[PDB]
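In the block that follows, a single chain appears as structure tokens, in the form deposited without the named molecule.
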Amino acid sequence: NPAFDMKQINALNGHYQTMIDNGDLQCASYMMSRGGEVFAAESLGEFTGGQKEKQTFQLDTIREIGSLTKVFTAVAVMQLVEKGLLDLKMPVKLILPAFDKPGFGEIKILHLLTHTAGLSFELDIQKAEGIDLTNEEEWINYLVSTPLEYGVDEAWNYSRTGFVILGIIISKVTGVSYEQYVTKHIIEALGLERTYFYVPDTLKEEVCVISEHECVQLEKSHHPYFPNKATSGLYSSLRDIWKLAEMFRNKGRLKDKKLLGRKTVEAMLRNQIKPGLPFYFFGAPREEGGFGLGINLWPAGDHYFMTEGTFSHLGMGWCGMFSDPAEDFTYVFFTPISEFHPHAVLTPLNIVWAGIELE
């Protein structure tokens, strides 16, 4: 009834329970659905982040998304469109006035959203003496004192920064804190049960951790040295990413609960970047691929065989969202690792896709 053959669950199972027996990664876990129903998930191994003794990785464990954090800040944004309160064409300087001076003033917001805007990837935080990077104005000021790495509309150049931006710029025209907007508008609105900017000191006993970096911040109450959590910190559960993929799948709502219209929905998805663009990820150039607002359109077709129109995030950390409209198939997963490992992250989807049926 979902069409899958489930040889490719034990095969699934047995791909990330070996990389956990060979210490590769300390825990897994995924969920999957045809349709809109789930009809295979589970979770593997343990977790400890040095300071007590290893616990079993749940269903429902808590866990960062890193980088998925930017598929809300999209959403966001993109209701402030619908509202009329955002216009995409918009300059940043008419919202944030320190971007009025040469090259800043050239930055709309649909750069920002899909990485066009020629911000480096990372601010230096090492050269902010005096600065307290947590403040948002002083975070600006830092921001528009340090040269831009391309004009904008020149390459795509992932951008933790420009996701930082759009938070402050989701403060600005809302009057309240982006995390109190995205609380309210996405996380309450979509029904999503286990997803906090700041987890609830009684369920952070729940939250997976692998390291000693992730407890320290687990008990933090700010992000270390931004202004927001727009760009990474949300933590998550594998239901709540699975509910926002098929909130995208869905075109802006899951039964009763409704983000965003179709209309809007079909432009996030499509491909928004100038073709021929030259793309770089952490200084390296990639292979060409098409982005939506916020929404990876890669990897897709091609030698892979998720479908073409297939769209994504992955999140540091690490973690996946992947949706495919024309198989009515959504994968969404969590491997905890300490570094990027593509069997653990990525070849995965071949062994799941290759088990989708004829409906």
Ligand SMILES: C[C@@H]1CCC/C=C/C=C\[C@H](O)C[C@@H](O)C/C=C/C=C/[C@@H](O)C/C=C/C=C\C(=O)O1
Given for the second form:
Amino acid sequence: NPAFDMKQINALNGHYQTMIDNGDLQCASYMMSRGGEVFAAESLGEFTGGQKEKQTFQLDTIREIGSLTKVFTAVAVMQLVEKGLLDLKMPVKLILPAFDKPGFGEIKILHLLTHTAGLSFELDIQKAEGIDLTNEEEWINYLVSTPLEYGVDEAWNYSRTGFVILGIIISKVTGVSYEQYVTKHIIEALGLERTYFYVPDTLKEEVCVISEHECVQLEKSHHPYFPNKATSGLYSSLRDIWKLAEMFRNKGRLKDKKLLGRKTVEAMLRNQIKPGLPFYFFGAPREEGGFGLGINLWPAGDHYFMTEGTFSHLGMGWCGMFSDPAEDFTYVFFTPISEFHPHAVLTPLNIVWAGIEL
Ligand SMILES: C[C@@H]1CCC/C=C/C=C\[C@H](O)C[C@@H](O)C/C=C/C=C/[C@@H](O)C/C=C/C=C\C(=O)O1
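Swap state to the form deposited with the named molecule bound from the form deposited without the named molecule:
Shown next: the complete complex, the earlier chain at its head.
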């Protein structure tokens, strides 16, 4: 009944296992659904951070989702737009008065959500001597102390600092910390069971780590150099990331649970980048593609097997969530690996979508 060629599930498992057997990556897991029903899910390999014997990789293993945290930040922003507390055309200076200066005074909330605010990829912690970057106002005043790379609406430039600002805006608008809002109005509201900004001590043994750095960050109470965890730092599982993708595919609903109105989701999944604008990723020119309100619309169509309209987001880790609304199809995966490799992160997407039938 899922209308999927299970011959491609065999290829997907052998593809991941072949890289595991060759030592390219330690573990891998995935979960795919059609019509809201999961029909295939597998966890492969073993993990260790360097201080442990290799433990099994399971489907409920907690793993940092990295850049996928931005998707949680995008939902939280739009919830406040639905409540009328925020507006996408609001200048950031109205909420953060430190932005009332040339260059920064032109930035609107819409520019941050779509990576068009002209911000660089990341702020520099080495040049921030004597400044507590974990403090909200000290981080903002040091941010506006650093020049902007481009003007607003000049180019698409992936920026970590953009979503850090949004997390601050959520905090100043709601009156609670960013992590408190997301945990209450998204994590607990969507019924996510294995998702935490900071994993409790009784569950840290079930968190997948693959490097010394990840073990150290797992035992910490803050982000190393950001006032919040809006751009990165969330820990989750396959099913919880799957629930988030399915909520988007159903336009804000997940059975009895509702996070966004359907008209809001249709706007988030809508291309928001003006045509002909250049795209940059980490100091390199990237191919022009659709981008919504924090949600990626590329890759889709073209030489890929994902139908046009497939929305997505990847995360450093690596991980990823892909959902094809035209096929009622969702695919999420964890591939913990030191450096990015398209053969492990992107290539399996060809194997998966090749299995869809009728
Ligand atoms: C499909 C692409 C992925 C290709 C980019 C990765 C290249 C690998 C190594 C490079 O040195 C850069 C890398 O280390 C730095 C990664 C920073 C954060 C990445 C995540 O936020 C995923 C973002 C995906 C967005 C667009 C895209 O287009 O993702």
